[PDB]
Amino acid sequence: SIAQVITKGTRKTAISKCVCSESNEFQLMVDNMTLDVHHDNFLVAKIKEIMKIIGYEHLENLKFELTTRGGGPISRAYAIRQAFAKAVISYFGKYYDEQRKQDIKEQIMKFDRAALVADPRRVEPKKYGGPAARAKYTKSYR
Amino acid sequence: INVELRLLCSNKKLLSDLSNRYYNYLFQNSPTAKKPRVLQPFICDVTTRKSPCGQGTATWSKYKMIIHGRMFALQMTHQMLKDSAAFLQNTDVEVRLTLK
Amino acid sequence: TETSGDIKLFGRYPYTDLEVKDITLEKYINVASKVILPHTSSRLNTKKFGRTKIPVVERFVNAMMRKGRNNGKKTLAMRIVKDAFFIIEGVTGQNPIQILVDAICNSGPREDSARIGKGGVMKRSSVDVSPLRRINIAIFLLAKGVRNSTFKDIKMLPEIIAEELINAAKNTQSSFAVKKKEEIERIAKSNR
Amino acid sequence: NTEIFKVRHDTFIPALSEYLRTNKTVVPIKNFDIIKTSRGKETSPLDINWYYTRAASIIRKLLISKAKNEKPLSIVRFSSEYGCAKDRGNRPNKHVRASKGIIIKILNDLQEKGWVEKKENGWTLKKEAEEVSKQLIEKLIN
Amino acid sequence: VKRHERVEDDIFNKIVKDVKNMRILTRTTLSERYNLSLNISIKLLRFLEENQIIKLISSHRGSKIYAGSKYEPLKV
Amino acid sequence: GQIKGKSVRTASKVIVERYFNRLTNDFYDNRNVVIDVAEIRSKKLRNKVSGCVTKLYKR
Amino acid sequence: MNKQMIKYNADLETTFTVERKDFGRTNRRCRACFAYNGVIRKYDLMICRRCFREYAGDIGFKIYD
Amino acid sequence: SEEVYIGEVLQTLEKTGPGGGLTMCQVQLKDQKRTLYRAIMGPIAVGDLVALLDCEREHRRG
RNA sequence: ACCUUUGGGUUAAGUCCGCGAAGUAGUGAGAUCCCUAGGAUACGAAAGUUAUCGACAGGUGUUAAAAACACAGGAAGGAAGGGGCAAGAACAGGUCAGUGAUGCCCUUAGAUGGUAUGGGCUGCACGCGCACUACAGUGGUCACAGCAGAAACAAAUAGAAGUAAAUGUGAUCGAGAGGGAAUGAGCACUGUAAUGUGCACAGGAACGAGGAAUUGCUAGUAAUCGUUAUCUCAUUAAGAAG
Ligand SMILES: [Zn+2]
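Residue numbers (PDB author numbering), protein chains in the order written: chain SQ0, 2 to 143; chain SU0, 19 to 118; chain SF0, 4 to 195; chain ST0, 2 to 143; chain SZ0, 35 to 110; chain SR0, 2 to 60; chain SDD, 1 to 65; chain SCC, 2 to 63.
Rather than coming from a laboratory, the hints here were simulated on the basis of the structure. Heads up, the beta-carbon is just placed ideally off N, CA and C, and yes, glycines get one too. A portion of the hints provided could be inaccurate.
[To be verified] On the chain SF0 side, residues computed to face chain SCC include the following (Cβ under 10 Å): (1) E114; (2) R118; (3) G120; (4) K192.
[Said to hold, decoys possible] Within a straight-line C-alpha distance of at most 27 Å, the following computed DSSO-like cross-link-like pairs (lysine-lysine) qualify: (5) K16 (chain SCC) to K51 (chain SF0); (6) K137 (chain SQ0) to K53 (chain SU0); (7) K25 (chain ST0) to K119 (chain ST0); (8) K80 (chain SU0) to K62 (chain SDD).
Please put together the full structure from these sequences, using the hints given.
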């Protein structure tokens, strides 16, 4: 069987799954579109950001497919970025020596912890006597 | 061969006790025994104003009734199904059966 | 797509060899943190000086989501500033980033007016501003000048951003933000 | 292979539109020049050939549906795909469907040309309609 | 006075002489220096970018930016 | 406000006088000892007791 | 009850029958107190908001959150 | 005209003014013996550098 | 008759630390649930689900005690966040139009009790409270894509309830081409009945950012944007509750 790992990344109500695999060539697909065809540039910027703090020689000989559901356009890009980030570390730990995993992890942790850990942040429930989570309806006197 | 037994109940402690009792029965017979599957609880809810008239600050309450449930899927012969069904009575838990 | 090198702002701008050029401001202006896109969700606002660690152009786009109707439209703000950097980089000839830095340096008022009198009537007096408040006011004025200028004028908003920022960096009377910095300092002196 | 995803939608929809018109495979509804696409729209389309852009985009919906192996597409599904937000004076805007008559006519035109086959629970492609698309893409990417 | 819906010959002639030595130029400049409407500043600007007299440097959504003969970019 | 409350400080004070030699500078030892000796019905309480007891033991 | 009404066609000679649909307050009276207002119709209850709150704990509803 | 003196804050003392907006501070000038008492209104940390318009005007109450 | 004694520090809280003619136990707080976030070694061969675990001001730094910040690691850090429950005493506070809960007074076949057909509650000189669309270009219009909380959708040749919308790309329009109020001859739907709702063609009012005053809101908060297989509901949401 071909060398593979699977990871999950979360932001708000968006969930994404990344599968990572051995390849003769570096390849990346999101929503079945390559980076040079995909229609939202915020997603493409957030991908090429994380791909540059990780060295290009660490993403060599490797393939990625990203799938996602839930949330919305900004939140899914961060969800995807975590799923991508965790795949490389997972693969290095499983299929190479563990020093290279540790090295890569120091670089990502120096850049942005939120690439490898998920924010527990969610919308707060509405209470009665106001339009939203904390705002109150207008009191009057005279 | 197969049976699926649904224990359905609007009280958690009862369903926990009765399932532990039935799990013990399964492991004492030892037919390759297993835990029950914990089901998604059904939740029916109502939201209403507290005051019986319009006066005061409008204060609201949400009442919700929770119907817990647990499923056993199990392997038995027809005699053991017929004989064990004597266990399935005098409970506040409602009990239902499926077979193939 | 465009590059396989090191991290540059909008994938275009150098992100190195940057000087603050006022020692009173040094610790409070983040031009360290290499980010491809002026967007982060980093949860620093729930901290004691965490809003001083947010990167510079980030603070600058947040300032645009205003006038009520544009609340929450952070993508729109990024679209706007991207274009402004193209106009400025062209016009000035230097990293748009050093224009933005120098705009802040000039546009913060150094002395201010305040009520001091406690045990009686409240009498106004001059007072001296902290480093942090000085930069907070600079962004505010630069933003307020831009917004009100564009309201019912045919010119494009990204163009108005380039007009103001150049002038501000160059300390010219032409900037709304610079003029109003002079006014506050003159009134402060009047009440000295 | 899922050949359709290899080219950008805003190059494919305009490309097929010419191949349609030069062979007249679909014929305009009566009064196409003054009718609106929905009750949610403010004015009739700015391009006189809007009917052909509909035909080109309908075959795209079907190609990707076939690619992902979904259930067949219904007249209701297409009506919600092309829907929009209707203006209502002094009231919030509200989501409204596209008009069915245009879509029905396109699907019946494509049936007569042998391009679309009616199933018991929706509409589906046919070999000729797949091969036209295949042979277009093979030039268009090169 | 209101704006205009023609570029007459003598306005056309002097615009060619004026567009050289200008740096970045945009729809507004033609419409706020000279008296042209936005609908005739687009058409003239698009014409000069086919004639190689100006060059386009951005066109993102409807926001569209051009450069003349004394533009010069940054260098690494 | 992170103040311990009356029963938590009382049980803390009694246990250190009753079992002193059994206790150490370590939170986990002290948590093991209060899990062993006490009737306390929630981990929420015994986390707070062993917190105060290891705060006393230094002083 | 589903009541029925006669109606005449345009000839004022031929007759047909039509059924009155049961709708509105008239048949949805509170099962505890005959009230016509504030009746909770959900889960096939037919009980007013006043009566509900005194009986809710007997039926088996609780305020968890 | 742009006269200015740069001074280093050594201590902070009291939250002051209506609503507690100001902070009483001790400042030493960088190129002179002078040490002053002043009110400052932004957030201030010890070891900050502040720019003064006068080296003399003082808040004697300290 | 009454007081338990010198009122010094801390917390959300007589919550606590000192000292005492006082000392010992309890209620209230607190602790004690439930939901939301992380966690298989358990279960399944389907690819998820659930979980007795995890955080204590613990660590470092702040030189009586009690607490505290500021950093740091951490899915979570000072009451982890949000709800829910919740002393004693009071008030001539509200409801007799919720109640086969109820005292006392009043009416009771020409009824102050029921029913039916109609009319009103919806009238219009005028003063007030709370909401909805606005006053444009950070806009209008045309097409095309495309994403929620998750999963339900006969048919329809102009058009006559439904699976987001903001939003993303290209065109277009150009400073009352913004705005849709009063009104005409129609074309359909719900209904026992249109007076209610939908659709097409017109028509095109004020309003160009609001005096004295005044109302909430500390983070996934405020404001924006849609949506309700939530409640009202034959048909009717510009209301609440999510
Ligand atoms: Zn009732």
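Among all the numbered hints in the text so far, which are the ones the structure does not match? Per hint list: single violation, 6.
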